[PDB]
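Could you put the whole structure together from the sequences, leaning on the hints where they help?
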Amino acid sequence: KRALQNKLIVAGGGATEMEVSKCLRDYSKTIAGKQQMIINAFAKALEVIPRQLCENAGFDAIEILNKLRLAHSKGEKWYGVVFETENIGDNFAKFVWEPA
Amino acid sequence: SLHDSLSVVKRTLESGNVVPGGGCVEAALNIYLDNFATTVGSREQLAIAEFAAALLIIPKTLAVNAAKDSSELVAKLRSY
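Each protein sequence line maps, in turn, to chains H and a. Under PDB author numbering, think of the first position of the first sequence as 401, with each following residue one higher. Under PDB author numbering, think of the first position of the second sequence as 401, with each following residue one higher.
None of these hints come from the bench; they were simulated from the model. Zero decoy hints are in this set.
Quick list of in silico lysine-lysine cross-link-like pairs, DSSO-like style, CA-CA up to 30 Å:
1) a:460 x H:444
2) H:444 x a:476
3) H:407 x H:494
4) H:474 x H:429
5) H:434 x a:468
6) H:444 x H:429
7) a:476 x H:422
8) H:429 x a:468
9) H:444 x a:468
10) H:429 x a:460
11) H:434 x a:476
12) a:460 x H:422
13) H:474 x H:444
14) H:494 x H:467
15) H:467 x H:477
16) H:494 x H:477
17) a:460 x H:434
18) a:476 x H:474
19) a:476 x H:429
Structural data, given as structure tokens:
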């Protein structure tokens, strides 16, 4: 339903959640003072969404999230968490989509 | 006073290798090990992140005893 009603999509399943948390860690480097640790806490608070997705599905939260923090930091922004076979992967190809 | 002063200069010069203080080492290792944590990427990445962030307690306590705000100076010092 939302695919036809909304033509603006973002990659879900951990993809968008990591990119929002990725850039805000870099944006906090330019801001000094208490606001730096607060933005870092906000980006750290964004890590609970991909975490619980792996914990509720039985996947290992330590390995998959850390491996997700690797390849996503390598310059590809679309890496999500594959819900079928446990591994890191692009959800844009796996077609996990949510509107913006 | 010249003997009490130079005495500190004596030990500083006697060692031909000096290190900056005031929280420079703890912050330099915190930022470097943060990027080095991505070189492993399994488990220790979380341990290296906690080990590097644990060094921030040294510059934090120095500001608390100085009556200055530690959440400001330590955060500003890391950004620099």
